[PDB]
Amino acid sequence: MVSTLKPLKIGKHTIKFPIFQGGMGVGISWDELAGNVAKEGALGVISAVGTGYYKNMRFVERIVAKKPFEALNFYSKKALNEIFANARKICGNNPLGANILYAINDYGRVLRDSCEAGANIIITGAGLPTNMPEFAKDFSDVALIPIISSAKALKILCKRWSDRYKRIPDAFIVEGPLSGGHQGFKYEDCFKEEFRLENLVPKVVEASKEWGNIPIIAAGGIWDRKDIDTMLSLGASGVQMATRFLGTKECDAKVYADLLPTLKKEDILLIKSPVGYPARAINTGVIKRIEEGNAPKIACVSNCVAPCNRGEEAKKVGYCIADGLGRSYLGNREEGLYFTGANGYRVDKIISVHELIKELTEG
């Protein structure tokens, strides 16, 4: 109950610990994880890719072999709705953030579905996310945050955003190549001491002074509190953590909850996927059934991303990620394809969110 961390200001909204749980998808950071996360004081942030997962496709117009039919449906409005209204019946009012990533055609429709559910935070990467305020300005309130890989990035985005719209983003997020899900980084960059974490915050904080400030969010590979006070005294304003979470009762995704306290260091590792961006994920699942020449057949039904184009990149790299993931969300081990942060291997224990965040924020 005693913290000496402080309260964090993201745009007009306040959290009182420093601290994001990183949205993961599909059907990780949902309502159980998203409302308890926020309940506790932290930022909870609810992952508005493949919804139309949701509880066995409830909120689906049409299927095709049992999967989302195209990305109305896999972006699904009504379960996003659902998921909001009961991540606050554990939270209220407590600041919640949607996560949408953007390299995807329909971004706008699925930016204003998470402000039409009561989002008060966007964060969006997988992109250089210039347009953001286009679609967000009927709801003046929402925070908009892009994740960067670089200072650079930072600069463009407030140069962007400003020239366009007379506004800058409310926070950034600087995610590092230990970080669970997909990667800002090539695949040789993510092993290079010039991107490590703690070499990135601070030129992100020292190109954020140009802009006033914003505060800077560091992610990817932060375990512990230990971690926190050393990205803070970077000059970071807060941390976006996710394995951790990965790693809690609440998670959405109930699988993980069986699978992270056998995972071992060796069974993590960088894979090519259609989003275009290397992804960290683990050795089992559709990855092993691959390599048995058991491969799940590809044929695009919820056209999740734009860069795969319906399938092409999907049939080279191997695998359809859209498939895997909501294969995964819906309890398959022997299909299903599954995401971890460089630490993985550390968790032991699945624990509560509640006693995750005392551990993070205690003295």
Given for the second form:
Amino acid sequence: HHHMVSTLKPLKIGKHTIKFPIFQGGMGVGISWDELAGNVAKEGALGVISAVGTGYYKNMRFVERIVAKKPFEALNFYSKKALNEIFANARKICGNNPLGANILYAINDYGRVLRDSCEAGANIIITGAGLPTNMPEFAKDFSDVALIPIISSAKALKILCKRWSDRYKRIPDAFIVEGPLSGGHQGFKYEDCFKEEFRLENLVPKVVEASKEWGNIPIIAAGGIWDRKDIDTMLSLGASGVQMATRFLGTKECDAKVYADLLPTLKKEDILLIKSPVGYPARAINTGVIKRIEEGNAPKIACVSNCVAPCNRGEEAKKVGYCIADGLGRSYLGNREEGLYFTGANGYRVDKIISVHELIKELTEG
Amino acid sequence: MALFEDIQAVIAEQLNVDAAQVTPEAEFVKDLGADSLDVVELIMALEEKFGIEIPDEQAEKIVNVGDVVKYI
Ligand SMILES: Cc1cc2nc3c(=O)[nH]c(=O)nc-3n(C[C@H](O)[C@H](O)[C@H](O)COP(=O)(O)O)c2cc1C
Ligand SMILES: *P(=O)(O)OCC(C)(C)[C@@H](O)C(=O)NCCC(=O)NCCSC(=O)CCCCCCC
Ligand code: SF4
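Same protein, different form: I have the form deposited without the partner chain, so give me the form solved in complex with the partner chain.
Shown next: the complete complex, the earlier chain at its head.
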């Protein structure tokens, strides 16, 4: 009955080592902030602070211009002042244990947020939602920060390794392979998703194989990993580590407190793949804005935050039906009628909300 | 004119589209059906055949073929 020690081996990424080979995946807006990532880091996995939509922190406490009760422009949505505080509050819990920062490549002011993230104290930058071909350019003042792109194919690894070496004579410290069972935006063919070929058990061998040709870059598997059995599967397929989000989405320390009420009711029939202004399919919960759209009751779209470049300030949001900055922003603020809510495909299995410590114990024991 | 047709033949070959529809107004993604991976590849293919770099801060601004042509 006593807590039991792990046979999982510590994981080292660039200059930093974590006691368990486990990333807590970044989750915006306001989902994996100070409480969640600080406690994860306390417990020996990687805590990952999402840096998207930080102006919403402490009800826009740190914004300097508000329009329609929404942070005005990327300068306020991606708040340097808010992001420093979250890192400050995260280090209270975790000390100098390693903390990641997650930044979609799609966002406006990408370069500024990466340096804000380094200056905030981040040890690792994680970037998906695009092919981050210039990521070392913005980190050049911070040779200690490891850089980890998210990819969904071996082709993307080859492409990024070629560009980074051509341009910078540098190579990514790790890659996260994200499969189609993941939450949020998919790195997959709008259409494909359930094809056998794209299954995470198949991608990870292919990416690890390709990764050998570039000095054995550590490959972190993500998407649908639920328990220690899933973890062992991915490690046996060549992965050095796993990234997991939905299980941590169902913990008490999750900074987006609404998810503790929502997830125990979630049924598989209410998990759906939707369109997004970011340009990728997104895995969402059929609730909030998504219901308001189907009702014909959807909130008005008027681009204030200008969160991501592919949207062209309303063009893609008006065509899909929702503003993703406003929808995720409202969720952090508790708005259940017109918030936007994401989940991985496994979210319906979240029956009880447990603590980070209890989750970490389940995954590492033995 | 000599430049435009050289980079026209490269775009047509990379994206597997007819050169005749690789027109200065044609957008690589909307009009020519390419994704992100295709565009980076195309940018790399152009860099070799012409020995320039096209930093990402301009590549983010080019969007159609005519803008690519001017940058070169
Ligand atoms: C609610 C939610 C929000 C997410 N937001 C982001 C994000 O902002 N940036 C990112 O790279 N991935 C995001 N993801 C993806 C996760 O970080 C992770 O890669 C994926 O969910 C892992 O699969 P799992 O949820 O099945 O464990 C999000 C996932 C969820 C569930
Ligand atoms: P290109 O068309 O742009 O193609 C790029 C491509 C193929 C998607 C690659 O970048 C790739 O392989 N990507 C994997 C990236 C990811 O899969 N995932 C990270 C996505 S960010 C995210 O999931 C959700 C963000 C939730 C918050 C939105 C905040 C405003
Ligand atoms: S309208 Fe588009 S760019 Fe503006 S905040 Fe919403 S999703 Fe972001």
